[PDB]
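> Starting from the structure of chain Y, add chains R, P and U with the ligands where the hints point.
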Amino acid sequence: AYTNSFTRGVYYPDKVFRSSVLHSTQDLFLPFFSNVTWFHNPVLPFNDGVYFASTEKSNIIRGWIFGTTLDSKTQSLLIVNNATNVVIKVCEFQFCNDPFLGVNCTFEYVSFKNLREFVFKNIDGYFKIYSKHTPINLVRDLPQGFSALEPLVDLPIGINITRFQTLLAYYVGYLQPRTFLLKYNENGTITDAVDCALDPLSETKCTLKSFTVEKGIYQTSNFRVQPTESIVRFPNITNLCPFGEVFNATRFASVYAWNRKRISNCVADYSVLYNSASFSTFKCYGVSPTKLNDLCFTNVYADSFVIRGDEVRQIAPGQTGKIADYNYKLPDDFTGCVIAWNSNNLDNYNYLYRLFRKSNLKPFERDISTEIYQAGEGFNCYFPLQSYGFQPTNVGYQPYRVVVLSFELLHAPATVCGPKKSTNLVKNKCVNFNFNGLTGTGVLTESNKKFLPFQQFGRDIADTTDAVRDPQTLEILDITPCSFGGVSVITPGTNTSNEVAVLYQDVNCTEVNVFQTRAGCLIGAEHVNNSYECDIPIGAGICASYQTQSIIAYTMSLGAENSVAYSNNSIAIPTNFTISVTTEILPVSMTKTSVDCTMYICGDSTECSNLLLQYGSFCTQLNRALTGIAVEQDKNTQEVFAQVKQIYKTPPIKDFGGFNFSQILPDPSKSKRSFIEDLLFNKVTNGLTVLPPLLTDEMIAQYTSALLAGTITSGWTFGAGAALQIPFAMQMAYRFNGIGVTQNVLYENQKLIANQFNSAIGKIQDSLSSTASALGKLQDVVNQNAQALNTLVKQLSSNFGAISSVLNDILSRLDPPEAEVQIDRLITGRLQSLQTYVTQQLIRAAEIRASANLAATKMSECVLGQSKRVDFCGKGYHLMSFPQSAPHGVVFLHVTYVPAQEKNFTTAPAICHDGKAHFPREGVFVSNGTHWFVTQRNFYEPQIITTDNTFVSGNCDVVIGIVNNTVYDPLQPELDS
Amino acid sequence: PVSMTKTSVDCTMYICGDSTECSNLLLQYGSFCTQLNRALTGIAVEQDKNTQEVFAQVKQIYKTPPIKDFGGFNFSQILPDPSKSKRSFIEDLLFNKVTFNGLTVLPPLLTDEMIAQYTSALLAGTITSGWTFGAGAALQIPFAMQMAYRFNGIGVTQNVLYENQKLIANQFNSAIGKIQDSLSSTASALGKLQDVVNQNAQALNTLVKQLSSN
Amino acid sequence: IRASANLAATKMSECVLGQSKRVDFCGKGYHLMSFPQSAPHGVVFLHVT
Amino acid sequence: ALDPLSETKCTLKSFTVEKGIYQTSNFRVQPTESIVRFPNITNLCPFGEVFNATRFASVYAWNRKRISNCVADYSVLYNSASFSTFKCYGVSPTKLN
Ligand SMILES: *[C@@H]1O[C@H](CO)[C@@H](O[C@@H]2O[C@H](CO)[C@@H](O)[C@H](O)[C@H]2NC(C)=O)[C@H](O)[C@H]1NC(C)=O
Ligand SMILES: *[C@@H]1O[C@H](CO)[C@@H](O[C@@H]2O[C@H](CO)[C@@H](O)[C@H](O)[C@H]2NC(C)=O)[C@H](O)[C@H]1NC(C)=O
Ligand SMILES: *[C@@H]1O[C@H](CO)[C@@H](O[C@@H]2O[C@H](CO)[C@@H](O)[C@H](O)[C@H]2NC(C)=O)[C@H](O)[C@H]1NC(C)=O
Ligand SMILES: *[C@@H]1O[C@H](CO)[C@@H](O[C@@H]2O[C@H](CO)[C@@H](O)[C@H](O)[C@H]2NC(C)=O)[C@H](O)[C@H]1NC(C)=O
Ligand SMILES: *[C@@H]1O[C@H](CO)[C@@H](O)[C@H](O)[C@H]1NC(C)=O
Ligand SMILES: *[C@@H]1O[C@H](CO)[C@@H](O)[C@H](O)[C@H]1NC(C)=O
Ligand SMILES: *[C@@H]1O[C@H](CO)[C@@H](O)[C@H](O)[C@H]1NC(C)=O
Ligand SMILES: *[C@@H]1O[C@H](CO)[C@@H](O)[C@H](O)[C@H]1NC(C)=O
Ligand SMILES: *[C@@H]1O[C@H](CO)[C@@H](O)[C@H](O)[C@H]1NC(C)=O
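Protein chains in written order, with the authors' numbering: chain Y, 27 to 66, 81 to 143, 165 to 172, 186 to 242, 264 to 442, 448 to 476, 484 to 501, 503 to 620, 641 to 676, 690 to 811, 813 to 827, 856 to 1147; chain R, 728 to 811, 813 to 827, 855 to 969; chain P, 1018 to 1066; chain U, 292 to 388.
Isolated chain Y, as found in the complex:
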């Protein structure tokens, strides 16, 4: 009986208070939209926890029986209240056949209209009961709303639970170990949650840690093709190996003449050998004592010899002693296991050992000599070998026999495998294959490789096995894992819709409305053959958008296709223009953070200081790097603002040629900042210390005010040298003369361009107030700094592989010896995190210093002067820039010249009047069809062609494209007329 579950089945993960923050935890929860079970006393499993939703009207339900067997075999839960006293326990009470009450006791706790939810779970021996009583007027199903079940009391019972039944309309679900995102309000309660295991939209919400995610594409997880079956491939070597001939062996040799037997064409069944208690010690180093039955070796050696009791530790890689020195030594990197019995009962003057010898012998080497003593042939120097002091009449002095299984894992034709069963071979199906111990996921295809009779398998550059010769049937098969890649979700924005699309990167649709593109398989978006200017990039020019509504998938429009009318004698000249300014925001500085080794890592810890003193000059180096970053931030601030020595002020009058500067002029009402600057300040908002900048908010506002005021009052002379005041009209005239247009058209168009600049400042006001995307770079820099800080802090809460993350707990819990290595691991992890942080900080400082040098050059050559570089101070011919203060950044007001209206005109490369070619001083030769004119390059100012604008030069029968014309000469009227 399926049913909807909006948000029910949520409980507090712990007893920690949180205010207006989002915390994500993983615990046994009821997934969203997970149909539960509806009823109207079945024993239902408790595999991973169940969520209970009860609808009681007459208290028909009194209790439950929780456990695994729940048949009076183990302790079973009982909770009853006889209307006056509540009895709660897992008490081993004398339950009836069907346990009830008339209408070994470990826990002594013997004390519709409303929806009663319950969560009965036990973890780490402490029973956690959750409950919630809320009214409702509905009888169909679970209603709309959210409720977090509160753990009222903790009960130390410590009982297993896998089955349960109801003792009497109720609902039962199932908890699963999924990732959940919880939201806490200002009062400290949970209002809503998001399960990021439901759908890609919730996955995106989960990976962004926000209930409302912005429109775009985000990587959430990795799409992996799960193995559909399991292939076992081993050769037909069913010949059982006589391991009894070495374990049940009645004969063994001494250590001085240890015999070795090569083992091949065998079946290694380590099951009975491992399960037998005959092995007093089973110390496997290269392999595992329990994982022996599944491995398969190519060739191994078996060595048998006898050793004393105290020398058992000497049979190990990297050991010394009498035997390990002069009789028999093991490899320092020996792989295998050592078998030593309590042979006191099993294993007498015939066990020998060497005493004197030249030097150590190589591992697995056999040296046999019965003469040539060290110092003291028939002289004092004699038989250098003595027997052990054993006897059938004779704990530590008793003999212990040792056997070593030297497991040689060298690449060779497999001969000794474990007792595994081979399966049929499938192809083109990623499964859990096992080729002579080699496991993995991939496809088994018939390869065309020509393996040589001795070469067994192939490898790639990655040292991974590329091909494997099937040991049963001699064929060559390639190993190639099938599709995998990150999962990217396309969300148009939760503020608009909740319909999303999924993009599989470089995966064909045969493996996972379905569309296949160059980037892979696209699911959730309908393919569209049309083209639009997209916003969410998909890959290879594919794009997604939300239009009339659904998600459309299309190839991107490379731009508004405008085939130009290029020709030999056609030209267009601007007649109207718009003074449009662009808010170019460039971050210049960062938060001057400083970090101390002790305070950050394990502040106020003498043991920490003593252990870190052994790490050398890491601390002084890191502190020097961070102080250098801080002083470099200060130097960038100086180089970008403190470029003018004197602080200029505006006159009491504000007759700025009709230009309204009140939005850019400082306001002393507060911080002497402008209106735009005030809005920017309003629209932009442990061991670590935020060092105050050398120029704090007030001083930096004062200096930016000085900069912009000196600019608007004196053009560029204040930066060139002594500040020479100039009228703003003449300043605009010079800025115009700096891009190739004369001042006459200005002083004609003055009132209209003043009104245009005013309306432009107003539109910039509106934009900077409404759309906060212009300050996106500053917001990203601030968020990156805050995220790096939060990461550096949350690393302090991570374990770094240690037992815990609280140094206080660690030092109060662990003994000094183990605490040394634990704090060493902690120092390694925390110093690695701090090194990553400081390297990323130096990287961000390098990029911010690049952008800061760019901003200083821009301001020193564009505000202090006038940039002439194309597209350096905004699109189009640049006029002037006005700076504005910004938190850790700078805002520019790039006054640019942009053409608006054009006209088609007939042109010619030159004109000929009397056999001589004429050329303009500064302009363009054009015509409107019947009369010829000459005008500027960036504005249509048609004038008669005067010799004050052209000149006579050369001839006309060598130049191409020249046309006839009549030239004006401002002295020729004077002479003739």
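None of these hints come from the bench; they were simulated from the model.
Please note: incorrect hints may appear among the correct ones.
[What the hints assert, rightly or not] Straight-line Cα separation of at most 25 angstroms, DSS-like style, residue types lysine-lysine; simulated pairs:
no.: 1; chain 1: U; residue 1: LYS304; chain 2: Y; residue 2: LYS113
no.: 2; chain 1: R; residue 1: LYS921; chain 2: Y; residue 2: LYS1086
no.: 3; chain 1: R; residue 1: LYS786; chain 2: Y; residue 2: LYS1073
no.: 4; chain 1: Y; residue 1: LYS1038; chain 2: P; residue 2: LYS1038
no.: 5; chain 1: Y; residue 1: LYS129; chain 2: U; residue 2: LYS356
no.: 6; chain 1: Y; residue 1: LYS1045; chain 2: P; residue 2: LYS1038
no.: 7; chain 1: Y; residue 1: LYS557; chain 2: R; residue 2: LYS964
no.: 8; chain 1: Y; residue 1: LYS1045; chain 2: R; residue 2: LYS933
no.: 9; chain 1: Y; residue 1: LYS1038; chain 2: P; residue 2: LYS1045
no.: 10; chain 1: R; residue 1: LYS776; chain 2: Y; residue 2: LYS1045
no.: 11; chain 1: Y; residue 1: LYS947; chain 2: Y; residue 2: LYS1045
no.: 12; chain 1: P; residue 1: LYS1045; chain 2: R; residue 2: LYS933
no.: 13; chain 1: R; residue 1: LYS776; chain 2: P; residue 2: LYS1045
no.: 14; chain 1: Y; residue 1: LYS933; chain 2: R; residue 2: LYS933
[As the list claims (entries may be wrong)] Residues from chain P that keep clear of chain Y, each with C-beta distances beyond 12 angstroms, as calculated:
no.: 15; residue: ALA1026
no.: 16; residue: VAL1040
no.: 17; residue: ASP1041
no.: 18; residue: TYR1047
By construction, the Cβ of each residue, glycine as well, lies at the ideal position given by its N, Cα and C atoms.
Only chains R, P and U with the ligands this time, still in chain Y's reference frame:
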């Protein structure tokens, strides 16, 4: 050098991919490979941003008329060839003279054909309208007049240009021919890009052989 | 690569999209105009000087 | 350890210190004392029924009593005069708590 190959490497998939126990053990290291993945995807999106800022600086794709009347200046060596992708002779020569373990190379947002189209738009608008296509509206201008203004930009009068335009066009054409000869014979011109891509491939091969390291 | 890419974007917006007057910025000699061409992960210029 | 000038000289590894500002150590107000906060003595074990108990059982009728949520006051037993002997094996009698 302009862009890098977009090496996107999943932290887990590289270090000990396809292992639940090892992923759980790496989870104990905080957000080392999480922050590392975020930083590497930041490098990827930043490379795409660089590609955009270096190529997609215009919002209009321009095309030249079928008549290649550029005043005698051959451009088919630099103008895209529609007989094949939409790349030019020099571009095709450059494409010809220069040629699976969790390290996935994400395809660029701007593929080879789209980059060819961007380059076509840019150089076509240039040769057809001087600087007006970048300043404001694309105001077409005679190429001879454009050369005249360029010469007036360095301090020489266009009179000598129009007297010696035949020889100047011949010199530009012979320079295009010599540059064809060079970019076809001596491939050391793209040595910078070759060393960049070789450093990228060497870093990748080092990262791969590290899995072979113990 | 990003510093050289800012350099290349400036060179293009100043030399293809316009005409730099900085000496030794668009190649040796007085600059006239440049022409970009598609290159794998890169770009080349034809600096007319 | 004498004066800030000497502190700068000793942290800069030199006898001559040029003009400037230098960070020598970390000034930290050390904790003046310690404070221990823990729940009430409530939820106290019925240890009076075993420690100050009146009646006990025989040797062959030793029954186990699983008492839960207890507070182990051992000072009274450590200093008890009504109990003549306090011989303690498993741990140290002074660190029973
Ligand atoms: C090693 O030798 C012992 C001694 O014979 C073997 O144990 C006997 O085990 C078999 C197997 O079931 C029984 O049928 C016999 O009855 C056992 N002997 C006695 C006296 O009860 C043992 O199987 C041999 N192999 C190993 C690996 O221990
Ligand atoms: C250049 O364009 C501007 C557009 O802003 C023109 O200004 C407008 O003139 C018309 C007259 O037909 C008025 O109706 C509009 O209200 C004006 N715009 C604003 C914002 O007030 C300007 O006239 C154009 N220049 C020329 C010479 O035509
Ligand atoms: C500059 O523009 C501002 C608009 O931001 C003008 O201020 C307004 O002035 C009028 C007339 O007194 C008031 O009714 C408005 O309330 C003002 N605006 C605001 C937001 O308060 C200012 O007068 C302009 N100055 C010049 C010299 O043109
Ligand atoms: C090209 O420009 C000329 C110059 O203004 C235009 O000639 C004018 O036409 C008006 C008609 O209303 C006459 O009153 C003027 O005397 C003419 N000017 C001259 C200098 O003769 C001419 O009309 C324009 N051509 C077109 C097709 O618009
Ligand atoms: C819980 O299961 C374990 C499994 O070995 C078992 O030993 C234990 O006795 C069980 N608990 C109870 C109360 O029986
Ligand atoms: C430009 O091309 C057109 C195409 O028809 C041609 O008529 C004209 O003569 C050309 N220009 C010159 C100056 O030859
Ligand atoms: C100039 O002529 C071209 C080609 O006829 C045309 O596309 C364009 O719109 C004309 N310009 C104006 C301003 O009408
Ligand atoms: C380009 O050069 C070739 C030489 O093979 C010539 O035939 C062709 O006419 C030239 N292009 C133009 C537009 O003149
Ligand atoms: C136990 O009894 C003795 C004797 O009256 C008394 O001193 C002691 O305080 C009692 N124990 C406790 C925990 O009060």
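> Take the hints in turn and mark each one as holding or not.
Now the hints, each set against the structure:
no., hint, result
1, U:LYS304 <-> Y:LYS113, "violated, 76 angstroms"
2, R:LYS921 <-> Y:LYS1086, "holds, 19 angstroms"
3, R:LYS786 <-> Y:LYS1073, "holds, 22 angstroms"
4, Y:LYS1038 <-> P:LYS1038, "holds, 9 angstroms"
5, Y:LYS129 <-> U:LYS356, "holds, 15 angstroms"
6, Y:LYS1045 <-> P:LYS1038, "holds, 18 angstroms"
7, Y:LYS557 <-> R:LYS964, "holds, 24 angstroms"
8, Y:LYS1045 <-> R:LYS933, "violated, 36 angstroms"
9, Y:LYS1038 <-> P:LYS1045, "holds, 21 angstroms"
10, R:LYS776 <-> Y:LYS1045, "holds, 18 angstroms"
11, Y:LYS947 <-> Y:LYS1045, "holds, 19 angstroms"
12, P:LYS1045 <-> R:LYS933, "holds, 18 angstroms"
13, R:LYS776 <-> P:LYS1045, "violated, 30 angstroms"
14, Y:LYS933 <-> R:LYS933, "violated, 53 angstroms"
15, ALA1026, "violated, 9 angstroms"
16, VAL1040, "holds, 14 angstroms"
17, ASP1041, "holds, 15 angstroms"
18, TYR1047, "holds, 16 angstroms"
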